[PDB]
Amino acid sequence: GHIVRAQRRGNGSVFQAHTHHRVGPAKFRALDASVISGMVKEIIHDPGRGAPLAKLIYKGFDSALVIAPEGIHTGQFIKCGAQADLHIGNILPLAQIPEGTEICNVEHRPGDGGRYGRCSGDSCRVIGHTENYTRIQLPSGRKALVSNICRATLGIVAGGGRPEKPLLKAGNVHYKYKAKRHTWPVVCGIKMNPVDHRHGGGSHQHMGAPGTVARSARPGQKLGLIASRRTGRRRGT
Amino acid sequence: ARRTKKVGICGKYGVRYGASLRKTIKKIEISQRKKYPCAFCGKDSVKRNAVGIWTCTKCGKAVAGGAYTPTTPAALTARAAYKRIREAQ
Amino acid sequence: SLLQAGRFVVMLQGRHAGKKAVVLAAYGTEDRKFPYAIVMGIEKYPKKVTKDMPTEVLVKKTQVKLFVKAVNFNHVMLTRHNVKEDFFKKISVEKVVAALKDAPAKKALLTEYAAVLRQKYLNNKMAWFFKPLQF
Amino acid sequence: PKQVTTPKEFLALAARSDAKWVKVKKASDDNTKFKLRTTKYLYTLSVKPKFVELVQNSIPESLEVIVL
Amino acid sequence: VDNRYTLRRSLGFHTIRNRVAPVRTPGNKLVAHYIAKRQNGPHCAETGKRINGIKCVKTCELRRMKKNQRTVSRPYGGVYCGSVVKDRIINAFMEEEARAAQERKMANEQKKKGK
RNA sequence: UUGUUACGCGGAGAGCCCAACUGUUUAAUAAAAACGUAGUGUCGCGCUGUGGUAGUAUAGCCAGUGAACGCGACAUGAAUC
RNA sequence: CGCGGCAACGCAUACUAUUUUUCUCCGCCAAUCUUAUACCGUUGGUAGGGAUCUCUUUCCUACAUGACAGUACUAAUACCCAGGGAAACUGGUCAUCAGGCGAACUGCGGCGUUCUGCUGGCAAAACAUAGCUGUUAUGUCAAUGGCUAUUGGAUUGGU
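Protein chains in written order, with the entry's author numbering: chain A, 2 to 34, 39 to 64, 70 to 247; chain p, 2 to 90; chain Z, 2 to 28, 31 to 87, 89 to 139; chain k, 2 to 69; chain g, 2 to 116.
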């Protein structure tokens, strides 16, 4: 057999991110001990990422490409800190914020940059305050103990509802993955011959083998549904 | 004269792509081109610049909105949530 | 009503924009058909001075340069502050001639009233006026 | 190559100790052009036949004069 | 007649730097003359508009020109146009005046306790 | 009675099958019904992680200038029923 | 050895450093207007050559000015300033439109980019006729359109 397209993404020659026109890494300023006001100089769109970024100035002018909540405008004053009040814009630690509210770009570790809840039209919800660890629900469903000192932007991330509209033409998806990375178009494994992929070969196109494989299964062998505790139509539940 | 009976903005696509998809995009393509009322300078000339971004021309300003309308319903709910908690206490 | 003589202003646009001023004669004329008021002002402010190197470096930073101009009401920003006697009247007694023309005639005023207005900085009065503002 | 209007200003440019030659040259409409050479530029002077005779005399004696 | 003309420079291709225009010589011969590049010249920060009172030439040959024609006379002469400078005066006055009146306020308010 | 004079310029219609469509393909016997696609669906994983790669230096490389409206793994193949 | 204009801005002014901003400087597609070059044109003309049984005041060639530097008023569109203070809504594009966050409109406003004319470069050169044995003669003129194209630029729109 040959090495399979799933294995070949590691070696990373043509399968690298197209990172040329990307404006910078989206994160907070570092922590550095109250309250600090910060004007939104402008809000710009970087390629690949569906969200906007908003370039702040903590005037020297110290810059920070923070990811943009919805309802931010140019020449708003954003207020990072503990004793900053509640507006959509402001960047509070999880000690201060009320529970049962939608927050954006929340950090895992303090002073980190921002980790959970970054893509367009997403938000971490806050469940409740234990003592040190403010428990929050992530967009998927999963729940996470996160320390109260670490920061999070208030409100929902901008650019919501982009997949509501379908892309009618193959050309629209060509321009989508030009900004991101080469991973498209996908040739299906059944169509390929036996050497190229596991599902390939045979007189008539069909999978033949069970098509559902363990965590223990090797490189080359992990193809199709990996460790699928259910399959088929998820009716109810 | 009106010249298409049914189709509207999706007449550019012609016979392609199915009836159900052109109904769906008819709603969204009308939205993203439409000029919307500005908060700041007041005037009705807020166009879409990029995906999330909505530049007003005459202001010279921008706002972060939705993808295809400047107001997302879910983001508009978040204002009302932080209003009632700030107005309390 | 607001534009009296005894009032400070700030210049909004022009060459001297930002810089301080006081009104003299708030007036239509046939020369120029709009509202206009003849003003004093100051071009270069006296900077702060440590007492190391006496006399020579002081008498530079001492000296305060002036200007006079016949400015529109739109291009001046009015202020809280007023002047508080005969001295205010003396500086504005003669000024239209300098404004009208002849550089030597106008330079006779600005050399004179530089020396008069500087002696008020000696006393630490009009402390707002001789101080600048940062943009 | 600049032109110079006034005959007085021409004679200021002539007496600089830059200039190597002047060239006299007949022209259309019975005019003539005095082309002063300088290191940088070539200063031309158009004149009418009223004041043609006086200007040549006006020119410095030392500077060489090439007739065409 | 044949009015066709060669490129003189040894670059073949039609880039932005290698562009030509046909011109009649003194000798009745058509010939390539090369186009010098366009310049936008100084726009302003804030809004993004053309300032007046300066040519759009190259900034290198802006140095060769007189110091007069490089600038506008006011404070923030090149960078900011007129009405944006007016706004900076009004705000930076009244930000400082409110802060100065705050020092007058906290002087005046605390004196009520003594009397 | 001939005339878009030469030159240049669609024969048309009525059934049935396959793939929806623009596109890609066995350089040198196969251009297709094959591949592709939008659309639909299933599975894995909240970063001390997941899918790779790399090789003795406790090397650091790819997705990642990334964070579930996301990244990766498959299957079906526009719409309508 | 710092002055003019109410203002937009104009005119003769240094250097080191720090920070901030601009020019360099940016996709593709579509439309309108306009220099330059080419070409076709209405009006004439003069130089030479071709053609002729008959006809053709004919046919052909020629009618041109570089980088660079200057300052006139004509006349444009962009943007800004002063006055002005708008529904009986007015102004404007090929098209969308613009305006009390200040429109129409008036200034022999300001300024940028293009434009027409007049020069310098500049006829001394170059080219075409005519004659003399290398050079002397005349001449290269006057009027004014493009519904044609390409190029540079301007004013915009769409995606």
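I should point out that these hints are in silico values taken from the structure, not numbers from a laboratory. Treat the hints with care, since some could be wrong.
[To be verified] Among the chain p residues that face chain A by a calculated CB cut under 8 Å, a handful are: (1) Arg-4; (2) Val-8; (3) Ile-26; (4) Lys-27.
[To be verified] Sample of chain g residues with no beta-carbon within 10 Å of chain Z, all distances over it, derived: (5) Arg-9; (6) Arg-18; (7) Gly-28; (8) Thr-60; (9) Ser-74; (10) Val-86; (11) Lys-87; (12) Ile-90; (13) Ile-91; (14) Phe-94; (15) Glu-97; (16) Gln-103; (17) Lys-106.
[To be verified] Not close to chain p: a few residues of chain A, all C-beta gaps over 12 Å, as computed: (18) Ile-82; (19) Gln-86; (20) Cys-114; (21) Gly-151; (22) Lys-175; (23) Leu-178; (24) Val-205.
Every residue, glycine too, gets a C-beta built ideally from N, C-alpha and C.
Contradicted hints - numbers only:
Violated hints: 1, 2, 4, 9, 10, 11, 12, 13, 14, 15, 18, 19, 20, 22 and 23; rest satisfied.
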